[PDB]
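K.L.:
Residues per chain, in single letters:
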Amino acid sequence: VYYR
Amino acid sequence: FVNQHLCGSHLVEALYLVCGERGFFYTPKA
Amino acid sequence: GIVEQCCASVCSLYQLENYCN
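Residue numbers (the numbering used here), protein chains in the order written: chain A, 178 to 181; chain B, 257 to 286; chain C, 704 to 724.
Derived from the structure by calculation, the hints contain no laboratory data.
One or more hints might be untrue.
Partner residues are not named here, just some residues of chain B that face chain A (Cβ under 7 Å, in silico) [unchecked claim]:
| # | residue |
| --- | --- |
| 1 | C263 |
| 2 | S265 |
| 3 | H266 |
Ideal Cβ positions, reconstructed from N, Cα and C, are used throughout, including at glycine.
Chain A on its own, in the form it takes in the complex:
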């Protein structure tokens, strides 16, 4: 989960 979270960022690219």
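Mind docking chains B and C on chain A? Use the hints.
P.N.:
Then chains B and C, alone, in the frame of chain A:
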């Protein structure tokens, strides 16, 4: 802001982070 | 909706602005 992967409950938290007091929608493809 | 971008691949927080009123 950054390019963010958002799993479906953690989106509703991240939207919270964006909207403030504006009010917002979680409309998925059921 | 935008959930079928987000729950599977990246989004912008500016699309999350679109999903405000």
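K.L.:
Would you mind marking each hint as holding or not holding in the structure?
P.N.:
Structure-based check of each hint:
Interface hint status for B:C263: upheld, as the beta-carbon distance to the closest one in chain A is roughly 5 Å, under 7 Å. For B:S265, the interface hint is violated, the least distance from its beta-carbon to any beta-carbon of chain A being 10 Å, above 7 Å. Hint status for B:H266: holds, given a least beta-carbon distance of 5 Å to chain A, under 7 Å.
The structure is inconsistent with hint 2 alone, although it conforms to all the rest.
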